[PDB]
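Undergrad: Single-letter residue listing:
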Amino acid sequence: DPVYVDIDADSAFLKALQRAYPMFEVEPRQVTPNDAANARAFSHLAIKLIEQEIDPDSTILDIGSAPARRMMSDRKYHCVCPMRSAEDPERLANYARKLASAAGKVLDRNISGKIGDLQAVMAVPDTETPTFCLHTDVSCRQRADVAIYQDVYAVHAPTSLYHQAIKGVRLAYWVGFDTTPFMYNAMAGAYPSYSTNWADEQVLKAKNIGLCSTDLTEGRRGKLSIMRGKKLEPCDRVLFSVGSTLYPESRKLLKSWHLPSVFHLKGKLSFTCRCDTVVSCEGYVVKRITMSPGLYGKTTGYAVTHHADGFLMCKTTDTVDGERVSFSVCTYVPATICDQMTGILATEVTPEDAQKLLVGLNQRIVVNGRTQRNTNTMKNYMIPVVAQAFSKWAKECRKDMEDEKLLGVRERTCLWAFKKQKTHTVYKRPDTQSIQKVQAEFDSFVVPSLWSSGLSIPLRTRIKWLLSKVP
Amino acid sequence: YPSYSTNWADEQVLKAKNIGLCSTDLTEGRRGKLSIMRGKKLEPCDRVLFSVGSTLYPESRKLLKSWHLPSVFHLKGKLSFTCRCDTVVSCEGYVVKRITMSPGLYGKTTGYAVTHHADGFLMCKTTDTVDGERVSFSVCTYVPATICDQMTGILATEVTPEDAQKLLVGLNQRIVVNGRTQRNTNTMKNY
Amino acid sequence: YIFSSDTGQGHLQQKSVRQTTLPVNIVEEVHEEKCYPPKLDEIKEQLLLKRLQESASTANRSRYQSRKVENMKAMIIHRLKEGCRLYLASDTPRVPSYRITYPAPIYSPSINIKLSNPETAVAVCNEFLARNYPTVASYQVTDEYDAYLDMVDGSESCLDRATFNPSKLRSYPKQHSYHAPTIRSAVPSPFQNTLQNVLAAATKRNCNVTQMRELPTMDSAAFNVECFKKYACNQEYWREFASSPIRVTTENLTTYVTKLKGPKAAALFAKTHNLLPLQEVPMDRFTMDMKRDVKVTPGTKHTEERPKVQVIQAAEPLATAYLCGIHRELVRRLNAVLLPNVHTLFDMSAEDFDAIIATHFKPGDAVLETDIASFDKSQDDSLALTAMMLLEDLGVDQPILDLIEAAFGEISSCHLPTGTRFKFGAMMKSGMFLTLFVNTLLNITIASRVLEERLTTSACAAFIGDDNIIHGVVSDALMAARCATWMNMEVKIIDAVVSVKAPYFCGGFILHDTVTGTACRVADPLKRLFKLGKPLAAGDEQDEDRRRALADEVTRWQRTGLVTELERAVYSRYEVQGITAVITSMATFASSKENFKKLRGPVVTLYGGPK
Amino acid sequence: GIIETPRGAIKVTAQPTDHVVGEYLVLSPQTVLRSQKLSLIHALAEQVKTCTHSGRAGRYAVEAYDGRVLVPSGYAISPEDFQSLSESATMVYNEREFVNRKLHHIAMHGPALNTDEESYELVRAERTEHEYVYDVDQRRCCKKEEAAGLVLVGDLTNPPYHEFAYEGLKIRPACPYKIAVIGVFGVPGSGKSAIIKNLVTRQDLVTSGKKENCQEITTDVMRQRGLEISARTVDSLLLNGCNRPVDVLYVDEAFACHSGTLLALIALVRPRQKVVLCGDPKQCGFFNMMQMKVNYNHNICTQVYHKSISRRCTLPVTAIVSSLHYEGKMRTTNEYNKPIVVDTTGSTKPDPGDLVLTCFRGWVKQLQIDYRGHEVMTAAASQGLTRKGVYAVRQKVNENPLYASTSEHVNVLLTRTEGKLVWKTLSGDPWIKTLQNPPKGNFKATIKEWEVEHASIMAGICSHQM
Ligand SMILES: Nc1nc2c(ncn2[C@@H]2O[C@H](COP(=O)(O)OP(=O)(O)OP(=O)(O)O)[C@@H](O)[C@H]2O)c(=O)[nH]1
Ligand SMILES: Nc1ncnc2c1ncn2[C@@H]1O[C@H](COP(=O)(O)OP(=O)(O)OP(=O)(O)O)[C@@H](O)[C@H]1O
Ligand SMILES: [Zn+2]
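Residue numbers (PDB author numbering), protein chains in the order written: chain D, 2 to 414, 419 to 476; chain C, 192 to 382; chain X, 1 to 611; chain Y, 1 to 466.
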């Protein structure tokens with residue numbers, strides 16, 4: 002019954018894991034020094050929680066999953082495995098090798114069925130098999146009732162969900178990052194608890210952000226370019242870096258998963274949908290979607306996010322390829338730090354004073370008999386940018402206290422125009438909600454195409470030879 | 192590389208004065224030196240000298256840079272393959288790389304390489320005298336994580352180089368917090 | 001010292017903070033005192049100095065020193081702040097505290113009685129001494145040749161781990177000028193600075209070795225802190241204090257330096273050119289100082305044996321300036337964790353002490369007074385561990401603890417004039433800036449462990465230095481058995497009864513008034529009486545601060561309803577009769593400048609003048 | 001639970017099911033104090049106190065130390081025997097974990113450098129040539145159970161003698177045995193040795209005294225007379241189980257041992273005939289490892305004969321000893337004069353009689369650093385034999401509480417038998433009282449007076465009643 006995770010025994014992330022999963026008990030057991038250990042521990046516990054609340058003897062659709070992970074599970078899985086990625090061949094070869102080595106040593110795991118399923122598919126690519134297929138989400142023609150997504154950011158959420166509901170699916174799950182920073186139209190950000198940094202294509206040559214690179218120079222007073230520019234706005238291309246692995250993503254598909262509370266799917270058949278958040282821990286969320294046939298209720302087109310920790314978004318100045326520009330950066334702040342800062346933001350503080358006080362509140366020296374250790378609450382490299390945000394916030398709130406307006410009227414006079426004030430910092434305190442306007446009515450989903458066999462003969466021969474032995 | 196007692200330098204600055212691998216001699220200094228051809232240029236060349244302990248190894252830059260492979264790349268020829276590269280173990284300068292190769296040609300490439308820093312990486316401009324003439328170039332090194340964390344509060348204002356040097360000596364000498372058993376041990380090489 | 005010295009300066013303050021205008025006790029909140037930040041200004045000094053030359057009657061000079069001292073204070077702050085860059089920190093949110101206040105005291109009227117002829121006052125005092133102390137009144141028959149007699153006989157000493165140069169041991173007297181006293185009390189003159197006196201002072205042998213930091217030592221310390229926290233403290237502050245450390249802060253240094261006087265600031269400024277960093281200052285090196293005054297008590301003991309020589313061990317001047325900003329916070333935290341019926345004299349005045357014990361002591365009540373001076377704290381190493389454990393619980397930051405600990409181990413002392421080296425082991429009494437605090441903590445711990453739960457159920461307990469008084473406690477065999485674990489003379493205890501055997505506290509008497517019916521504390525008259533028979537060194541002009549101190553002390557003695565009680569208290573302590581006449585004699589002496597001149601005489605010069 | 005007192009006598013019932021060893025109850029010191037029924041042993045409750053804390057963490061980290069009080073239960077005994085029985089059982093229980101913590105403390109933290117703890121090392125759990133070895137995981141002493149981690153060895157780790165006594169309480173008797181407890185007084189080795197040497201019975205076993213004392217009588221009886229008397233020792237007899245009851249028991253030098261231990265020892269064997277306890281009570285006893293004071297050491301006796309003849313071992317210098325330690329009834333016969341000896345600086349070299357035999361336990365460790373080339377061994381805990389030679393070392397003449405006047409440490413001045421006496425004590429001492437004016441009582445009556453008590457002492461063992 003104990004659940005074992007690959008976390009160091011002295012890590013401070015263990016306490017956060019326990020409060021997020023109070024129905025389990027977690028014991029650390031480290032076997033490898035992976036650079037993204039925290040990002041994998043959460044995913045492991047999420048799968049265990051889902052399987053505990055799913056009715057048994059029911060088939061499950063797993064979209065875009067490596068089949069080597071669902072081998073020892075006692076449930077029924079149908080893996081959809083297209084071959085449009087650069088690391089698919091390794092996963093397929095590893096799955097075949099592990100399957101062959103497991104034959105004859107495991108009593109009841111349906112190993113023989115899996116072996117027969119793989120051989121049948123390799124003979125005819127277009128065949129359909131209960132445990133394996135090479136179609137896409139909109140091409141698979143196998144009926145089920147539960148669908149599971151895991152770290153998928155390459156599909157359109159309304160279009161993909163509609164095709165699943167046609168086959169008769171009434172439940173779905175999603176595991177991944179938090180979409181809220183991308184709804185604010187930010188340029189760069191970071192998730193410090195999981196050692197993840199993301200940035201835009203146009204700021205990859207910055208100097209003082211999480212993910213950048215530059216070089217030394219002397220500085221010249223003249224240089225000409227054919228691009229006038231004069232406009233720095235976010236684009237559709239975004240780079241992700243989790244640990245030491247790179248992932249290219251797109252903004253349009255990321256924002257499509259910020260579903261509203263209630264929405265309708267209208268087409269040949271009609272459905273009514275909902276969306277809830279069950280687990281949230283410092284950036285990772287788990288979502289549950291229910292689908293029913295018919296058309297009921299009314300829609301409002303609003304999305305609500307609940308903040309347990311502080312959320313910051315400020316404006317910074319940096320040099321990109323030698324030129325000084327300005328953009329926006331977002332991050333997360335622990336709740337304990339935010340509560341202890343309430344006293345000093347009642348006055349005006351310079352950035353230097355804020356930085357010094359934050360350092361004192363963060364670092365402590367701990368002695369255990371004769372050993373000495375230094376302990377930190379949050380990562381140190383984000384302190385300078387955070388200190389700037391508090392200084393600006395404390396100044397904007399004061400100005401509202403002298404220019405007091407009348408109650409119930411709008412000031413609009419020499420000309421009938423109203424002045425718009427400047428804003429440089431958005432700060433969301435703990436126990437505060439944010440609301441956004443999105444779309445709730447979806448009509449067109451027609452995306453016809455032709456299916457092409459994504460496989461090669463050299464790969465087919467290698468798999469067949471590997472799956473050739475008397476057991 | 193201070194942790195493994197390794198120093199490397201370029202061919203053109205082997206006669207420096209205050210770097211890891213150099214040598215020079217005493218001189219009084221005179222007025223004016225007539226050269227043979229034009230200089231006015233100091234850029235890195237293709238020849239680099241390594242020194243591990245007391246052993247010497249010559250290297251070339253072109254072959255060294257060819258091993259910094261990206262995440263995904265394609266090999267096209269008579270046959271086609273798809274490849275990936277990952278970093279498994281990293282410890283203060285040594286890495287272990289794992290590469291998998293598969294037959295076929297399908298996917299997409301972006302042409303980027305990512306390095307994750309567990310310690311501090313530093314590079315700056317320094318002024319030295321090479322064979323009696325003053326020049327400027329760049330030097331890189333590594334810093335332990337503990338020293339970087341404890342210097343956050345001091346770098347909030349302008350600090351004098353002599354003031355910063357005294358603080359660094361005080362920090363390095365104080366980490367030992369002992370001496371009945373471990374005498375005087377330093378987390379940073381003093382040179 | 002504590003209440004008041006001979007010049008009326010004392011150690012306590014003069015501002016009341018424990019006074020209320022209601023007939024009941026009211027709990028209040030402790031606040032902070034804001035300090036004016038010093039500022040630098042040079043143009044003002046230049047113009048004021050020139051304007052000083054053209055005209056300066058009396059106040060023009062005073063503006064120059066105020067401007068000059070203010071400049072020095074700003075310079076010290078700028079230099080001192082740069083040294084401790086690795087230890088400086090910022091201000092964190094503070095933990096609030098509360099304190100109890102008491103109503104104002106009530107006093108009886110005073111009537112002044114004095115004689116007229118000052119010579120008759122001397123005769124009465126001399127008659128009093130001869131009748132009660134026959135041997136003391138016949139010692140003086142010639143001049144003061146004590147220095148010559150000390151040179152004729154050799155040098156006797158009992159040293160341990162010391163080195164000295166035998167070629168510099170020579171003690172021929174130098175010139176000595178003084179005024180002949182009129183009172184026949186034979187109070188000796190301060191000793192001369194010679195190598196012979198230094199060796200005589202360091203005739204103490206405390207060579208004892210036990211377990212330094214082993215398991216048996218830790219077990220004893222662990223029990224001691226358990227008794228202190230269980231029988232003398234409440235549990236509402238420990239967890240909050242541990243979370244918030246105490247660190248060196250700019251406000252601590254700014255407040256500290258501003259409180260220094262003129263000459264003290266100038267002396268500190270002279271030692272700021274070659275400013276060593278905080279981590280470079282040694283914490284186990286001391287210097288030896290001799291300049292003191294001999295201590296004499298009533299009785300006949302100084303006319304038969306030579307008194308001892310007092311010494312001072314001075315620490316590094318920079319050591320006591322870097323870290324002396326944390327004393328105020330330590331006092332506040334200690335007062336917060338103590339029980340309401342347990343009191344400490346820190347941060348009080350004379351009036352506040354009277355108001356606290358106004359309605360607690362009544363005639364026929366047993367009071368236990370105990371001192372711990374006669375105890376060898378160097379024998380056991382657990383006495384130092386207990387203090388550190390209490391300090392750690394109070395919330396002292398970890399690297400600062402190492403600096404403090406370095407001064408409680410092996411130390412060395414040096415005498416600059418002669419180059420004499422001394423080495424001492426574990427020592428508690430020193431000249432550092434935590435001496436009263438550690439002694440007070442140990443005094444409370446010893447009493448709590450011995451008395452167990454009898455300390456909790458009490459009316460009033462006061463602890464300061466090496467003296468304490470506890471109400472409603474008698475002497476039984478249980479405390480004797482508990483204290484006889486190692487030996488028997490650890491502490492000295494005395495039983496006192498109000499209105500029968502007056503209790504003694506900090507060189508004073510606790511008496512219960514008759515007209516009003518309240519307790520009060522007064523000074524010791526016999527201690528003053530012997531002090532007027534002390535010769536005055538030539539060239540001293542401090543004969544005006546003493547008259548004011550005597551005038552204040554005389555007025556407190558003549559309060560109605562305390563004359564009879566004072567007579568019985570002195571007789572029950574010293575077995576002497578006839579002190580009302582002495583008090584009257586003191587009254588006429590402190591009435592005018594010329595009346596105070598009758599206590600001196602012609603100037604006598606010895607060992608001087610080649611004629 | 002409840003404690004019943006039937007008509008003065010006190011008996012305790014063991015109805016609580018808490019931790020009990022053998023037939024002894026375990027309870028907290030605080031419980032004993034808060035009970036007027038147990039007021040007879042309240043002194044021990046105070047002593048066992050001041051040793052109960054709940055650990056500490058930080059720079060100065062320790063572990064919780066809990067002490068308990070042991071009392072007999074189930075048997076109706078006299079109130080006086082209740083006091084002594086509790087002291088013996090309680091002391092053993094507190095002694096065992098004192099060593100256990102010391103070994104556990106060394107494991108977690110770092111051993112001290114300028115000490116003797118380097119004799120304890122960390123050893124792999126496989127190579128365990130040590131027959132018994134101490135483990136850290138369960139903080140006990142175990143032979144071979146695969147102690148995970150890294151196992152500790154040490155000096156006392158080799159024989160776990162502290163652990164060899166914890167199980168002894170299981171078979172420890174509680175009911176005292178009723179028997180005529182008679183005893184022989186006076187300096188030993190005159191007739192009391194000869195009672196068990198020349199006129200000992202068939203079924204008696206020589207188990208008394210130190211292991212050397214057990215064997216000497218066996219060699220003495222066989223060589224002189226015979227009678228095939230075997231030899232066990234007190235430590236083995238008390239720890240190991242007993243056999244066929246002894247007819248008549250002739251324990252010697254038992255007054256060094258604690259009274260409560262003797263009470264259980266007599267009842268564990270149940271002697272048939274009388275029991276005599278020889279060996280003089282005027283000497284050093286069983287001391288104490290933890291210095292804990294003993295207050296419940298009462299005495300049991302039936303006879304009064306004292307052997308006043310004072311053997312042939314004293315001298316005129318110890319006439320004060322005949323007036324300082326004894327009241328004066330110890331008039332001697334000895335013709336030994338030897339005016340006062342301080343061994344000056346260049347007196348008699350290492351020779352027989354000059355054997356280095358210290359009598360000060362706190363000075364034993366300091367003996368080997370200053371005096372190492374003359375002789376070896378110590379007889380402080382082995383006194384009373386026919387060694388006929390003593391020499392105790394000295395370091396200082398100030399603040400010596402270990403040996404002072406009435407202390408038993410000085411009392412070894414008169415050599416343990418008839419023999420030779422020396423002391424190197426400094427020539428010239430602050431005080432000269434013990435060597436200037438000895439009492440002028442009867443120095444020597446007759447040699448015939450000696451040959452009287454050897455028959456009358458036995459007459460009080462044989463002809464008085466049998
Ligand atoms: N932005 C983004 N993050 C991903 C993606 N896939 C996985 N991750 C996250 O990266 C973290 C670490 O990746 P891994 O668990 O090592 O992936 P894997 O399944 O073991 O196999 P590889 O991708 O070859 O390393 C996971 O916990 C995911 O949260 C993706 O496609 N896009
Ligand atoms: N339409 C789809 N339906 C089902 N699975 C898909 C679909 N598209 C991709 N996948 C699978 O999900 C994973 C993502 O494939 P993708 O083409 O996005 O790789 P990529 O180039 O590295 O881009 P990214 O880093 O955003 O994932 C692949 O393993 C793929 O098999
Ligand atoms: Zn399918």
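Be aware that one or more of the hints could be misleading.
Said to hold, decoys possible - Derived DSBU-like pairs (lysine-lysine); straight-line CA-CA distance at most 35 Å:
1) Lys357/D to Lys269/C
2) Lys115/D to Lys288/C
3) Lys269/C to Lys232/D
4) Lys377/X to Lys357/C
5) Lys433/Y to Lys377/X
6) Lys208/D to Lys224/C
7) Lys299/C to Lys115/D
8) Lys170/Y to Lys229/X
9) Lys68/X to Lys50/X
10) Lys429/X to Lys433/Y
11) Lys316/D to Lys269/C
12) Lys81/X to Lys396/D
13) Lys269/C to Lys469/D
14) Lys206/D to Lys316/C
15) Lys271/X to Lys396/D
16) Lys267/C to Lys469/D
17) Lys357/D to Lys534/X
18) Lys259/X to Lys357/D
19) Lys16/D to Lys231/C
20) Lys365/Y to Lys444/Y
21) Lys232/C to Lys253/D
22) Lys299/C to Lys231/D
23) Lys288/C to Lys469/D
24) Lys224/C to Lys206/D
What the hints contain is simulated information worked out from the structure, not anything from laboratory work.
Undergrad: It remains to establish, for every hint, whether it holds in the given structure.
TA: Against the structure, the hints come out as follows:
1. Restraint check: the Cα-Cα separation between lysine 357/D and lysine 269/C comes to about 63 Å, which exceeds 35 Å; the hinted pair is violated.
2. Restraint check for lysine 115/D and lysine 288/C: the C-alpha separation of about 33 Å stays at or below 35 Å, so the hint holds.
3. At roughly 47 Å between alpha-carbon atoms, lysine 269/C and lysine 232/D are farther apart than 35 Å, so this suggested pair is violated.
4. In summary, the hint linking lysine 377/X to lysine 357/C is not supported, as the alpha carbons are separated by about 40 Å, beyond the 35 Å threshold.
5. Distance hint between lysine 433/Y and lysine 377/X is fulfilled; the C-alpha atoms sit about 34 Å from each other, no more than 35 Å.
6. The straight-line distance between the Cα atoms of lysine 208/D and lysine 224/C is roughly 41 Å, outside the 35 Å bound, and the hint therefore fails.
7. Pair hint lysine 299/C plus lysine 115/D holds up; C-alpha atoms about 30 Å apart against a cutoff of 35 Å.
8. In summary, the hint linking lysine 170/Y to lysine 229/X is not supported, as the alpha carbons are separated by about 40 Å, beyond the 35 Å threshold.
9. Taken as a hint, the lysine 68/X and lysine 50/X pair is honoured in the structure, with Cα atoms around 14 Å apart against an allowance of 35 Å.
10. The straight-line distance between the Cα atoms of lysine 429/X and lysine 433/Y is roughly 39 Å, outside the 35 Å bound, and the hint therefore fails.
11. Straight-line distance between C-alpha atoms of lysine 316/D and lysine 269/C comes to about 53 Å, which puts the hinted pair past the 35 Å bound.
12. Of the supplied pair hints, the one linking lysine 81/X and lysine 396/D holds, its CA atoms being roughly 30 Å apart against a limit of 35 Å.
13. Using a Cα cut-off of 35 Å, the hinted pair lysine 269/C and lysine 469/D holds, with the two alpha carbons roughly 23 Å apart.
14. With a CA separation close to 20 Å, the supplied pair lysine 206/D and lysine 316/C stays within the 35 Å bound.
15. The straight-line distance between the Cα atoms of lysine 271/X and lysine 396/D is roughly 44 Å, outside the 35 Å bound, and the hint therefore fails.
16. Restraint check for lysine 267/C and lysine 469/D: the C-alpha separation of about 25 Å stays at or below 35 Å, so the hint holds.
17. Straight-line distance between C-alpha atoms of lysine 357/D and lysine 534/X comes to about 59 Å, which puts the hinted pair past the 35 Å bound.
18. Taking the CA atoms of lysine 259/X and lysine 357/D, the gap is about 27 Å. The hint holds against a cut of 35 Å.
19. Between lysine 16/D and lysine 231/C, the direct Cα distance comes to roughly 61 Å. Violation of the 35 Å bound is thereby established for this hinted pair.
20. A hinted pair counts as satisfied when its Cα atoms are at most 35 Å apart, and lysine 365/Y with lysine 444/Y does not qualify at roughly 40 Å.
21. Using a Cα cut-off of 35 Å, the hinted pair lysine 232/C and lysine 253/D is violated, with the two alpha carbons roughly 49 Å apart.
22. A C-alpha spacing of about 32 Å is found between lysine 299/C and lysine 231/D, which places the hinted pair at or below 35 Å, so the restraint holds.
23. At most 35 Å may separate the alpha-carbon atoms for a hinted pair to count; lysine 288/C and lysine 469/D meet this at roughly 29 Å.
24. Between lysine 224/C and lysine 206/D, the direct Cα distance comes to roughly 42 Å. Violation of the 35 Å bound is thereby established for this hinted pair.
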